[PDB]
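Fit chain C to the supplied structure of chain B, relying on the hints for placement.
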Amino acid sequence: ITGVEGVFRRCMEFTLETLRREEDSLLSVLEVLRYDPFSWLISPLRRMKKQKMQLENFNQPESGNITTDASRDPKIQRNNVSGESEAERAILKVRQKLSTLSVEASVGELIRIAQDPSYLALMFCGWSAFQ
Amino acid sequence: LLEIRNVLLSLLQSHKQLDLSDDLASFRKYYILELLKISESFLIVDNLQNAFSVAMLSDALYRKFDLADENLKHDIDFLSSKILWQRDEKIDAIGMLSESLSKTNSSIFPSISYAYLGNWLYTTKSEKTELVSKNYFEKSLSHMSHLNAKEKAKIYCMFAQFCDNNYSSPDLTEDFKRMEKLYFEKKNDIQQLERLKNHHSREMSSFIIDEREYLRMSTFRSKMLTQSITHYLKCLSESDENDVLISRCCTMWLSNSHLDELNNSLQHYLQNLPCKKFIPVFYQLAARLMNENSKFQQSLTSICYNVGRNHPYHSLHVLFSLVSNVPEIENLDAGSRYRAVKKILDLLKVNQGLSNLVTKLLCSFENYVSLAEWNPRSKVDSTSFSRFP
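The listed protein sequences derive, respectively, from chains B and C.
Taken in order, the first sequence gives residues 2680 to 2716, 2718 to 2779, 2781 to 2812; the numbers are from full-length UniProt numbering.
Taken in order, the second sequence gives residues 2010 to 2204, 2218 to 2411; the numbers are from full-length UniProt numbering.
Derived by calculation from the structure, the hints in this document are not laboratory data.
Positions of the beta carbon are idealized from the N, C-alpha and C atoms, including for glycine.
Among the hints, a few may not be true.
Keeping only pairs whose Cα atoms sit at most 27 Å apart, straight-line, the calculated BS3-like set for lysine-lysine is [said to hold, decoys possible]:
#1 2148/C to 2137/C
#2 2219/C to 2143/C
#3 2186/C to 2773/B
#4 2112/C to 2148/C
#5 2161/C to 2148/C
#6 2143/C to 2099/C
#7 2159/C to 2245/C
#8 2729/B to 2401/C
#9 2073/C to 2046/C
#10 2401/C to 2732/B
#11 2148/C to 2163/C
#12 2730/B to 2401/C
Partner residues aside, some chain B positions facing chain C, computed with beta carbon under 8 Å [claimed, not checked]:
#13 2701
#14 2704
#15 2708
#16 2711
#17 2712
#18 2714
#19 2715
#20 2745
Just chain B, with the same shape it has in the complex:
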């Protein structure tokens, strides 16, 4: 019967509920391990590998130029280096995500672009499915 809502809105009402129970919790958990040299960064070689790339979202086996160039490599540098730890930058992002905006607005925040036609125009090339 229902549109994308309701029990979905129920999970929404659940969604921000965690923070009030313990704001510190998720942060402290992630950050404690974040303190030890993780690689909280994206390898440039690993970057080109993902999005199916190639010529299809789900290309066949081995294929050409063996796997789009055994897609592989490694070595960072001064450029685009995470400052000390972008996880520290991330830590602020989480609380920002965990921050006067209405709790009810959060579902709308999800909703605002949920059925938005605009977003579907830009995404991983290929594999667009409304229903």
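Just chain C, lined up with the frame of chain B:
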């Protein structure tokens, strides 16, 4: 649950003239359950009006149908306090709390309960920190073990929360940084004073005396933070509810790595703590272990060795991965650290049955490793064990 249960109590009251004893009047008085009668989270309308209605008759129990005095005063007190916390009785809760503080009719465990209101005040920030801190600490320490089931969690929590706020808080962190900068400037001032007018030297010495007091206070508070981490570990020992306790503990050892001097402060308690509960922490914590004659590294190694003998299998995935993560390329202090880590793994592999288990883990690693390496002949989906050697 209880529609006429009060009306049920009414009857024993009804036979007043023929009453065998008025202890039956003392019965409904010990009404902590009677408060529970809705206090167990009447969710639909959110458990509001009933209990406030309840404890009024509780006051009646104190007075209206009984002439007596006992801990029940503080009993209805903490309950009304909880109702107050339910509805914005900001200091009114504090008021009932102080009222309870006034009398003397129960054991010091009620004062332990009162520490909860005192911490509520610490949130309210009514008075100075040190005095109320002593007020709660004396009662918490004096009559300990008189309660255990719910006592340990709050006992740790009160000693921990404000102290950790002292360890860091935005304004407090700024204050500590300013004090540290003052000490740093005093260091250069003393350096200049090393080699005219002694007035500037004496003023700098007075400022140094002032700053040394604040530094000693912050350092003793940080040692108290270590002790509170230890108490939270003891909480993990008494009960296993809080993985939040686990993350706080993780922060403790992380600062211990940051604070090379704090390990002695963390030393003795680290002996007794069964960290086997720290399963989600386990892989990270084990990776934190270092290879040196340093107390932190040695304690980490002993803890992991205990983990293996007691129950490697839970984290034997982690240990066997650490070994399996065997890169010869990575060359640094972590290189010799991992060499000694393999040494410690072999030391843990001394025990004969544990030796068999460790060999089994290593061989399973070898098997799956060849299996991954086995990408032969571009074979069909099904793979026979005979295909690999």
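Going down the list of hints, with the structure as the test:
1. Proposed proximity of residue 2148/C and residue 2137/C is supported: the alpha carbons are some 18 Å apart, at most 27 Å.
2. Distance hint between residue 2219/C and residue 2143/C is unfulfilled; the C-alpha atoms sit about 44 Å from each other, more than 27 Å.
3. A hinted pair counts as satisfied when its Cα atoms are at most 27 Å apart, and residue 2186/C with residue 2773/B qualifies at roughly 24 Å.
4. A threshold of 27 Å between alpha carbons decides the hint, and for residue 2112/C with residue 2148/C the separation of about 15 Å falls inside it, so the pair holds.
5. Between residue 2161/C and residue 2148/C, the direct Cα distance comes to roughly 13 Å. Compliance with the 27 Å bound is thereby established for this hinted pair.
6. Between the alpha carbons of residue 2143/C and residue 2099/C the distance comes to roughly 23 Å, so the proposed pair stays at or under 27 Å and holds.
7. Proximity of residue 2159/C to residue 2245/C is assessed by CA-CA distance (about 26 Å); at most 27 Å being required, the pair is judged to hold.
8. For the proposed pair residue 2729/B and residue 2401/C, the alpha carbon gap of about 24 Å is at most 27 Å, so the pair holds.
9. Distance restraint check for residue 2073/C and residue 2046/C: the Cα-Cα separation of roughly 21 Å lies within the 27 Å cut-off, and the hinted pair is therefore satisfied.
10. Between residue 2401/C and residue 2732/B, the direct Cα distance comes to roughly 24 Å. Compliance with the 27 Å bound is thereby established for this hinted pair.
11. In summary, the hint linking residue 2148/C to residue 2163/C is supported, as the alpha carbons are separated by about 13 Å, within the 27 Å threshold.
12. Between residue 2730/B and residue 2401/C the alpha-carbon distance is near 25 Å, which keeps this suggested pair within the 27 Å criterion.
13. Hint status for residue 2701/B: holds, given a least beta-carbon distance of 6 Å to chain C, under 8 Å.
14. Proximity of residue 2704/B to chain C holds as hinted, the smallest CB-CB distance being about 5 Å (cut-off 8 Å).
15. Because the closest C-beta pair between residue 2708/B and chain C is about 5 Å apart, less than 8 Å, the hint holds.
16. A least Cβ separation of about 4 Å between residue 2711/B and chain C falls short of the 8 Å threshold, and the interface hint therefore holds.
17. Residue-level restraint check for residue 2712/B holds (minimum Cβ-Cβ distance to chain C is 5 Å; threshold 8 Å).
18. Here the hint on residue 2714/B is kept, as its CB sits about 5 Å from the closest CB of chain C, short of 8 Å.
19. The closest approach between the C-beta of residue 2715/B and any C-beta of chain C is roughly 6 Å, which is under the 8 Å cut-off, so the hint is satisfied.
20. Among the interface hints, the one on residue 2745/B is violated; its C-beta lies about 17 Å from the nearest C-beta in chain C, farther than the 8 Å criterion.
Hints 2 and 20, counting from the list given before, are not met by this structure.
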